[PDB]
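Yeah, one chain of the complex is gone here, protein chain that is, but the others are all in their spots.
Each chain gets a letter, A and B, in the order it is written, and its residues are counted from 1.
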């Protein structure tokens, strides 16, 4: 039904934004809430982490210690139904951040490839794959507060 | 109902984009249309402005004279229903602009924290709070037309 399809798309759009906001604002509750326990988050070059606790392990131990702070701007999220209970997503993400190593500011252009599964009526992430197309140090530029 | 919830989210997503477009394109009609008369727009460091006329006072007298032009890219707008007639929003905004003072180009990363109220069936802004996390002059870079 059109209504179910639209409600599903809204739920999935919220899951995806919750991933970005949870990682950026370092909100462990929001970030943990969006994953099935067997969901897999793979970062090219780092490895595969599983479920809510795997997601928190990745950001607390690998990602967050590498950065003073960053912001991820998600755009162009496009969803396709593989089946009534499985959705593919693709999204384009622009990340700006302050790297600890070398005190460098960095611009990252990434593509996020995602999968969502509905189980007993509820949608959550089943897969996330992040690939960086640009990883660009910004000579002479440092992102600073007012 | 799911239908009402989805219609409300669409109306609120339009209000929020109308704020950004109205300020960027300097469209006073669009910008005035989105506020209850008792809505409060607070900018950290500038103060609180009230309603459609307060919004126009802020941009005509404080913001627009400071800039030759700018563009605000809104992403990650995430809505939560506090009640059936009150919604909280959070959004991440990337702003690029040409400041009059010093002829500087600036990159701003901001978080917009918003509230919307439904009154007699209609949604409008009741609150907007803007906070800048990055305010970054861009040495050697000036945003210019083709």
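Brief remarks follow.
Criterion: contacts are C-beta pairs under 8 Å (C-beta built on N, C-alpha and C of every residue); 3 or more make two chains touch, one makes a residue touch a chain.
Not every partner is drawn; the one left out touches subunit B at residues 3, 6-7, 10, 14, 17-18, 20-21, 24, 69, 71-75, 94, 96, 140-146. What subunit A contributes to its contact with the hidden chain is residues 2-3, 6, 9, 45, 73, 75-78, 90, 92, 94, 107, 109, 132-136, 138-140.
Criterion: only the chains that are shown with their structure count from here on.
Here the CA centre of subunit A is 25 Å from the CA centre of subunit B.
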